[PDB]
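Read off the chains here:
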Amino acid sequence: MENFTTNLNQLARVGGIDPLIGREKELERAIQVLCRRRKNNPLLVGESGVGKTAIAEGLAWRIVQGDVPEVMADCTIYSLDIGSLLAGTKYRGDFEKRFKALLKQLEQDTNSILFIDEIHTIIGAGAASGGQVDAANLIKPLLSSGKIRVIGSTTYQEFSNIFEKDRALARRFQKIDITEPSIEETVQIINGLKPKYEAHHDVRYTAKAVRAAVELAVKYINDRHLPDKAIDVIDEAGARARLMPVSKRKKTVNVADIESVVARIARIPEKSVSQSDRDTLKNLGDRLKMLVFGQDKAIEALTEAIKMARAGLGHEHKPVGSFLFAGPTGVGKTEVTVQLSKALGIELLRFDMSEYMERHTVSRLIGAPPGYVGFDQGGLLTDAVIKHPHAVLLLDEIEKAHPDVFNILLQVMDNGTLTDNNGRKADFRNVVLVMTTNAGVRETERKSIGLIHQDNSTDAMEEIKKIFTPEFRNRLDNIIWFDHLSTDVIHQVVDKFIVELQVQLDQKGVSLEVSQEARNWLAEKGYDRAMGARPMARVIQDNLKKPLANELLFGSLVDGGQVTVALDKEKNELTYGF
Amino acid sequence: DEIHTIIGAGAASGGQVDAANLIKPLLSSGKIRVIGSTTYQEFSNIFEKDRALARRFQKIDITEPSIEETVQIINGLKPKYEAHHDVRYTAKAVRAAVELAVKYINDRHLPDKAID
Amino acid sequence: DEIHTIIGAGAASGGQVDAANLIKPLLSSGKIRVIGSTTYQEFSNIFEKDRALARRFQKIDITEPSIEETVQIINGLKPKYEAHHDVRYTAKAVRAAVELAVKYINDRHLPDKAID
Amino acid sequence: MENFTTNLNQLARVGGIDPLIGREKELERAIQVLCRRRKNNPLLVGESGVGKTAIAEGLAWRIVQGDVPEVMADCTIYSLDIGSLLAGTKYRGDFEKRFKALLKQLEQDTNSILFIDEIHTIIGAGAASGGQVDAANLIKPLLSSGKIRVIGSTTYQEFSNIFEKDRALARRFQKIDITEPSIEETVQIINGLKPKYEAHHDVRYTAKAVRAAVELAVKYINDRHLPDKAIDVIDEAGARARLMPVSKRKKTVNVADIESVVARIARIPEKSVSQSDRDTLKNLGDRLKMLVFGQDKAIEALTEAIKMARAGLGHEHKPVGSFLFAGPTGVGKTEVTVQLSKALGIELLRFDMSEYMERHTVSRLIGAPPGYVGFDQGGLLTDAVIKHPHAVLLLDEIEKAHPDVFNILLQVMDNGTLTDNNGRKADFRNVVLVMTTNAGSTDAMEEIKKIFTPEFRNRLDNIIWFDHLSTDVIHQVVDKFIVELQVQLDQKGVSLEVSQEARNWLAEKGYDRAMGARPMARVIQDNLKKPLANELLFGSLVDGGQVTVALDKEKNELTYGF
Amino acid sequence: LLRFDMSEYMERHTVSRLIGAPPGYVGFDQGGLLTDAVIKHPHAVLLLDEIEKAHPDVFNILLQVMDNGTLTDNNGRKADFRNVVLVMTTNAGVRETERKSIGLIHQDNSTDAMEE
Ligand SMILES: Nc1ncnc2c1ncn2[C@@H]1O[C@@H](COP(=O)(O)OP(=O)(O)OP(O)(O)=S)[C@H](O)[C@H]1O
Ligand SMILES: Nc1ncnc2c1ncn2[C@H]1O[C@H](COP(=O)(O)OP(=O)(O)O)[C@@H](O)[C@H]1O
Ligand SMILES: Nc1ncnc2c1ncn2[C@H]1O[C@H](COP(=O)(O)OP(=O)(O)O)[C@H](O)[C@H]1O
Ligand SMILES: Nc1ncnc2c1ncn2[C@H]1O[C@H](COP(=O)(O)OP(=O)(O)O)[C@H](O)[C@H]1O
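Protein chains in written order, with the deposited numbering: chain A, 169 to 746; chain B, 285 to 400; chain C, 285 to 400; chain D, 169 to 608, 625 to 746; chain E, 516 to 631.
The shape of chain A in the complex, shown without the other chains:
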């Protein structure tokens, strides 16, 4: 019945079917199966984008071409359109008659093989309500009787969902594994298809553009298989070249056009390297050194890792870098990470490890299981990374996390990817991972017994070593011990905090001038190298903010104006007029 089946040999005879490239063994295996005594129903199983249909059509083509032995040559090969059978829509029982009429006629033709694409839609006869709900059962008798030979086609999940469970299929069909082609096979396939794309887009491709589409898609696109992933790049490059100009220019597509296309598909960056921003890249060290004073070594470690990735001297299975920051409190560990994401113009993903102190909570990172209270919540980490693949990832207080988080971190550090409980994957290769810790802190507050105090920083390192075991430590790029703030740093910190105050006052119409002597006094009064910068913020709050707050509310400052601060001879602050 011509209403439901397409004669593929007829298509090959009047063209319609292209020659198959690189799957000659696959066709011979299918023929070998068709000529068997039992299970002579080959089933082609493979990944999306690898040519499963192309192979089935390729057989009809070879029959017509004359490359098939007399055992199967001149056999009619037909392709079944389920949508046609189920298009009748109306009248219960007519669906079953249409299905049967087709099968009876195919049985009668005898020297006929039926090809069913998407065979898994027959088994269970899906169509919301269904078929021909028993379409599988209606065909099974001819498969069991050895009367019809069916070439199937499906994928791996569906093979498992149905073919591995329904023994009436398991004992009738013979699975053939159809794999993705090689780089060279893909190029040959593209070149075979090529004129179709060139004709559609009125473009031409260079040999290099073809090779590049294959190599770049393989390097960066991980949700597809060859040849389609490369074909897709070729088609998009074609459209890009076609639509880009006003005048018929740049008709020939080159590698650079391919690079732009792959870069835009993966939401990655490209390859200038310093695209048009290598000149902002070179200044990270300074933009950060103006915000974090001291700790130059931490700034540099981060800065160099970023440049290496941009320079191409990286590793395509690793995070951009993996750092553990440690040191005395109040020294800028989290300060540096936050400013880095700003300096780079990217999103910061923050997780606070103290909230994940139970094994139950790793479900809040991977994603709640199908289905217990729901499951329609992916992992917090998985979704954050997919939405923002270039983010800086900051995990605070890592030593406070439940130990199972480390199994998760080691996986990410080892291969660059984490799989969600729903099967989706997060790509961490463009993500910078920084973890911070206070693991050795209790040691730096300890005092020695004696006349001369000792340096306890080596004890702090021993504590780190006993928490983060060698298998973890051996996967990091750097464990960086941040220093205590020197007096010179304190002076820079005081100015930083004064500026933040000046900015807040400006919104009230109040300007503020502080003398150098007043600053020197606050700097002397406000710090302890053992405490870090946090106490400096506190001295400013008591010496400058309190007096101002009273005036802003009841002080002459209620309407805006100017204040100054001077230090007097008693080292007291001398207040403002207005």
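Bear in mind the hints are in silico, worked out from the structure with no lab data behind them.
Even for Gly, the Cβ is constructed at its ideal location relative to N, Cα and C.
Worth double-checking, as some hints may not be accurate.
[Said to hold, decoys possible] Distance condition first, Cα-Cα at most 30 Å in a straight line; then the derived DSS-like pairs of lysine-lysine: (1) B:308 - A:308; (2) A:676 - A:713; (3) D:593 - D:486; (4) D:439 - E:593; (5) A:207 - A:343; (6) C:387 - D:676; (7) D:397 - D:418; (8) A:207 - A:333; (9) D:510 - E:593; (10) C:364 - A:343; (11) B:333 - A:593; (12) B:397 - B:362; (13) C:364 - C:376; (14) A:343 - B:308; (15) D:387 - C:343; (16) C:333 - E:593; (17) D:397 - D:486; (18) C:387 - E:555; (19) B:315 - A:258; (20) A:568 - A:615; (21) A:475 - A:510; (22) D:258 - A:333; (23) A:387 - A:475; (24) A:343 - C:362; (25) A:333 - C:308; (26) C:333 - D:593; (27) D:268 - C:333; (28) D:387 - D:193; (29) D:457 - D:664; (30) D:387 - D:397; (31) E:568 - A:486; (32) E:568 - A:633; (33) A:308 - C:397; (34) A:333 - E:555; (35) D:676 - E:593.
[Stated by the list, open to error] So the derived label-pair ranges between C-beta atoms look like this: (36) E:597 - D:528: 35 to 43 Å; (37) B:295 - C:351: 54 to 62 Å; (38) E:597 - D:739: 35 to 43 Å; (39) D:528 - A:485: 40 to 48 Å; (40) D:703 - A:625: 52 to 60 Å.
On the provided structure of chain A, position chains B, C, D and E with the ligands as indicated by the hints.
Chains B, C, D and E with the ligands only, in chain A's frame:
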């Protein structure tokens, strides 16, 4: 819009096949062109499950605008609001709306937090 | 065969839809004897946990034959393949099919796969 | 109801239901409950296989016979098919519309009684999927105000999972305790059912066969309760006997056929359950002496103790015996124990007591208290003795265990049992306890005695002493090792003969007064098996080959070739 | 090559999943990780990384395999290890050969890692 809602439109028999199935052959053949639209969650829980349609579309990520982009969008739109309400906004009022909305409202992104 | 598909309710629209209960009077009255057939996972999911079965059926553990038996099974069936494909097999070839099968077959066991 | 229930009076009037034997008390109580003006709903609570459902059928039979108070006249007990009632719903309005119809048909009959089999899944929960519902709330105001009186049936565990916790059901039913019957009661049940089994299989059972079926099942089959498992033994023996006539065998089913059946069910070597043991015992000491050379006194002392246990002169509340095996390393304490378990046809359980030196490991053997980490993993000792109740239990180096494990041992030796952290009993009455030690008699005593104070030593049946090896024995041990290799080589087509100077050397080298025969395994393997394995695999020595092993006087190497 | 990392099996909580013990894990119908691997790839080399970290119950199972070649799963399957090579990797005692002495020479030794 809300393309994940086209799945299951027809329903409950008498073999009544629904939509987003009745359309597979037209997207597959290149006969028609469509534009889809989903949120990340809707497209992470419903839309993607029917792999056949997921394969016929190109996913384009629409990200949140920057602060300056938001200000510019508002300047472009403000004549609609001025006309509607018989008001005039100052230049400072627009920039303040964007900065304050970002600092204090954490429920939505830009430029909605500012337009509202 | 595949008795667990008869035991579960909802075997098919129409089915056998109520097969699960329709078989019970026969198992209970003894008018018709049943020999069933299933696998190990289905057995523990269906029979071990249901009084309807735990009070009606016995289990016989069916395991694979020996390597020598696999060869004899083929030799018993062998003439059919020789006739079907107009071929003859070397006794060593029969043994090789089995001896090599044990180095790569576990996707299904022997003899069915050595026969293939 | 026609397609949901079965009329048990209709079956009783025809056949179907066997009269019950000996459960008059359970039936009298069920009647008192049914006769109440309210909450006249008995709930039968038991174990599987104890007459739990048989009672409901038994009552329907009495009713058609008329052996009931007039109160019960004209009553009909309908059995509910839960699967029929629950299957085929899906939509939200279907369960009720079906259950509502079932009840009105039953309700119209004031003498109707509904029987729910295993009431612990059709009362919630249960699984609320599509069409609602796996519910009892729907009955709950019926058999509680009320007009319908349903006989329930469940098990002790399910009872406490639902009832008690849900008062909604707990107070609508009267609980009736159904306990497993005794040996005598089981025999009487069989005798009354027997005529139908004899007719079915064209067999006759002896009186002894019936008693044996009951007692052997109790001793060897630990999967099921008595009044049911004893029936399988009778019916299975009958079934084989029904097929036996193909070889012209006889109608009578004797004890031997019962024994074959029990051993088959329990997965025990044939007839090791009964009389193969008499010949084994006659030859037990002799067989052990063929594998262990020397230690003749030890083997004989052990053999005699075993025989009196087998003779039945021991105690029920004890292990079948408790022995301490004392002596030097490598003298066969372990080897005798291993061969003994094989000789007797039973499995061996082994524990290394050196792994239980620390205080927290004591709970490792029994199981942690509930709420403590790992309690749900169970113990190591008590599950082993539940799974394998007839095993040989060997405890190595019991002269190193933490003192608390000795309290575990004293309890076992004293009364035969331990309680698991899940409340289950580990029954040691059919196992034999062998403990080994390097303690040594006064000194051996003080070193073990230190924990095995008189309070412990009085619980041992004996002390078996294991002697040092003589020079003749070390030569015999080597001959055994060489022979095992000779057998493997014959199977591979190679003949091997080791010279006398080669045997003397290996015996002298592989024996150490401080390790006994233990080092022998490597001396033989490294000097003889290894060099030979290399040649055989290389193919210089092939099937049909012969090697003779001589010593090189200046090296003492084992030298041979072909 | 089959691989397992013993650092993931430092407690009974996860050991049962590796073993395939009938009780003790989710996904029991699929058996153990170990027993399935030995069925799919019966001739494989089995590598256990960082064995000194393994919980004692892992060791009880390894001893069972060493004694008779078989572990039994409760889904009607057995892990037959007679065709595999078992390799354990350790770092025991390595640290002790890098220990410093308490002498003016010092050097003293090269210790034996076998002690650990
Ligand atoms: N080198 C620095 N330059 C300027 N400000 C700094 C510097 N170091 C610390 N600060 C200030 O003190 C920091 C207080 O917050 P954090 O930086 O997160 O503290 P931390 O150093 O990360 O240590 P923790 O996380 O509180 S234990 C602020 O980042 C800064 O205002
Ligand atoms: N007559 C024997 N005496 C001692 N050991 C023997 C004898 N025959 C065999 N063996 C076995 O001796 C060693 C094991 O000894 P074992 O039973 O463990 O002694 P024990 O338990 O007293 O320490 C192995 O060489 C094995 O062959
Ligand atoms: N080796 C080949 N020779 C000829 N055409 C091929 C080959 N491989 C793939 N194809 C063709 O099939 C691919 C599409 O896959 P298809 O056969 O429809 O199965 P699926 O739907 O799973 O992706 C390519 O887009 C198309 O050009
Ligand atoms: N006292 C008895 N008199 C007659 N038959 C009995 C008696 N006790 C038990 N039976 C017989 O009926 C029983 C029916 O099963 P039963 O023990 O009541 O509950 P369940 O089906 O849950 O295991 C036994 O399987 C069977 O041997």
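- Message: Which constraints among the numbered hints does this structure fail? Numbers only, ascending.
- Response: Of the numbered hints given earlier, the structure breaks none, since each of them holds.
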